[PDB]
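Chemist: Listed below are the residues making up each chain.
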Amino acid sequence: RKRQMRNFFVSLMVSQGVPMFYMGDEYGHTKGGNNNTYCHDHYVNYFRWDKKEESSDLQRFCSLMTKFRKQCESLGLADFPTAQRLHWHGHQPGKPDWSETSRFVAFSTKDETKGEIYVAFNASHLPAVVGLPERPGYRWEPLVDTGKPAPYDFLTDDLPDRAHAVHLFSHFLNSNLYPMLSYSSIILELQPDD
Amino acid sequence: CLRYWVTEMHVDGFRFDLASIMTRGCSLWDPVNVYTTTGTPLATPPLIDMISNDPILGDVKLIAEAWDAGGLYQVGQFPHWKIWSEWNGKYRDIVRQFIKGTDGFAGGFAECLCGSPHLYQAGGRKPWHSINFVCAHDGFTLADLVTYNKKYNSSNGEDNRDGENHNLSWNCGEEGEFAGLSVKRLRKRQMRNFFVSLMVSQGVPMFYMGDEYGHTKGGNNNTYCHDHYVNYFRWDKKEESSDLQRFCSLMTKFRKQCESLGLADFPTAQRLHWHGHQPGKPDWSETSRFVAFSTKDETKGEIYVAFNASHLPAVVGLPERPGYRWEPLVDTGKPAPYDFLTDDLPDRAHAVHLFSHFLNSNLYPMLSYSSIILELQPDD
Amino acid sequence: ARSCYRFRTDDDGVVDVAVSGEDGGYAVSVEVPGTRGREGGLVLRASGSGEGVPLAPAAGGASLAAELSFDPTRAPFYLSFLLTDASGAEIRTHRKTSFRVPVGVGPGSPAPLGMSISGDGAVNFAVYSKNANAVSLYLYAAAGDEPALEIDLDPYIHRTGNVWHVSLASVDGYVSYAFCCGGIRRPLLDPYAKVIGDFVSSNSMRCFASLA
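Sequence lines, in order, name chains A, B and C.
The entry's author numbering numbers the first residue of the first sequence as 610 and each following residue consecutively.
Read left to right, the second sequence gives residues 416 to 450, 459 to 803 (the entry's author numbering).
Read left to right, the third sequence gives residues 36 to 58, 64 to 183, 189 to 248, 259 to 267 (the entry's author numbering).
Just so you know, the hints here were simulated from the structure itself, not pulled from any lab data.
Idealized CB from N, CA, C, for every residue including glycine.
Incorrect hints may have been included.
As the list claims (entries may be wrong) - Now the in silico label distances, taken between C-beta atoms and shown as ranges:
#1 771(A) x 734(B): 31 to 39 Å
#2 693(B) x 771(A): 26 to 34 Å
#3 803(B) x 632(A): 56 to 64 Å
#4 424(B) x 91(C): 40 to 48 Å
#5 55(C) x 534(B): 52 to 60 Å
#6 199(C) x 724(B): 56 to 64 Å
#7 560(B) x 117(C): 33 to 41 Å
#8 724(B) x 666(A): 40 to 48 Å
#9 771(A) x 676(B): 31 to 39 Å
#10 743(B) x 658(A): 50 to 58 Å
#11 214(C) x 472(B): 46 to 54 Å
#12 541(B) x 91(C): 42 to 50 Å
#13 666(A) x 676(B): 35 to 43 Å
#14 743(B) x 628(A): 37 to 45 Å
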């Protein structure tokens, strides 16, 4: 459930357009299962600040996602993207699968600030190891992985163990690979390797 | 002579070179002499009978290299009296072909891991009568096994005629010591895989001087005539390769600590279970390059071993044991010192924690040409 | 003449024992070198003894030594003991046994088979038996019918392969010897004896090898 909620927020924050979400969705407000609450002057419809501190991890994830959307200029585009800037990939780079059984959508796009970002969604029930695009002289650095436990689902310089966390995945990242769970999303940034 | 060495120099055992010659018949049994010619192999040679049943020599270690240069080949059929051990060359061939990646060697590999009962059980010998080895003084070293596809014996002066011609090796992508970073990483992985395969097999493991730091002979696979540093132990180069040496020491310690690794009898089906990509479904097909098993341990509870000799990475499912979880110990793909986890590592708990999202759901991601070992621990 | 025994321990170490025929008692000295895993001294308990003989430093902490003495008239016997650190943990042999050492007999040599005498006058016994799990030596005096001396052989020190051997300083006061294999107390004849005794049908069929 936590994975899927993070996936929904990632998809909202990486789509072209204007993101929009109702209050209380940044920390997981529950109504008991009631989808039509137009006639309740009850605590079900009141924002809970007692339970906000219990869901600080999801709130931090949402705030970091919004900040990342602000910092990336390839997300706010006045015109529609063209094939030169946006490329589609599948399990292997440059081979998207559009069939009826497909549950894997991934793309990579260029940026003047971040250089390049890679986004992948795995809606399948089977974990997979994906092949990252081949960029001579560079490498891919993990930023977001909805499967990882907090606070490592979002990597920031505020973390004291960021470099060690990247080092413990370097053996997969050195061969342009990344292991993914089922129902999970990843975002990577391209960085020079010299 | 053998009794003299045992009783005066306190030698614990012997290894016989070209031992098949000691089974060939003597010319004294030709019908011309008494009243089947010279050199015909015998089923009960008198010398082997005298050695096996000697009051002193019968209780020491006897190992035979069961072939000669006259065409004899007696691996698995040496006259043993249930006492004699053998250099297992079939193990060498099968492991060399499986680890480098070759179709049709998964079943042979699984048989090798169990001590080769198909060669020893029927005759009444035990798993430890098999002397397992990957490399020896003759042939390639462990480092040259992953660097050269062919011998380079021109320094011998015999125009490359001498030496074994079918080495069953793979240069991991490029020929020679000058290669890219990925090729060198793969070579280090493959040496670790060979040592892991050696150290988790039933039987007696044996490896050659200097294979623990990656000694190289330059591709020369027959170096009998060089009093030269190509044949010397390099104590200076050993310090530049402390990671591989540490890995080998830790793996030997692990073998010593487990009671399910060196067994006095052949493993039964109640203790050992075979797995595949999914638990309980081993793949013995011709295209298979994946062997995994789990065995019950009276000391560590349960251990799980997997070999991925494929060129494709895979995520494998782990056996389901409610109330317990699997803990990572060995991973030949990881950079040192995280290829082997010890409590001397200050980052052990954190490194384990960073793989919890995979370990919780009984999964593990593997590189191509890698190996893993995991242990079962209570979780409540 | 002194005898020396070196035992490997179960914690990757060495215990050295020496048995000396002091000019009519016996002195046994125990020396434990090395220190990696145990620091705070050791006590020699005689295989579960409630008492103890602490080991004292010898040459500056490199080795710990102790000494035990035994009164004469004692027929050949075995000294068994264990070691303990200052934690309660017990040090055993690498075969997981108490350290057992013979007092009154030597280890002997496996060749030649039978009874032989060395230049100094030591008497060596050697007999082959693959199937027997226990071998004992009997000595008889001029009459005998029952053994004057009985010596059990240690399965570790008094064997080389499948040959049981033992050495004796002197056989004075004895004329015959025999062997007992397994737990059966029936005296057997040495197959390699050169001089034998009288065939006596006891109330049985027994013959003893001569010590001359």
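Chemist: When the structure is checked against the list of hints, which entries are broken? Sort them ascending.
Modeler: 2, 3, 6, 7, 8, 10, 11, 12
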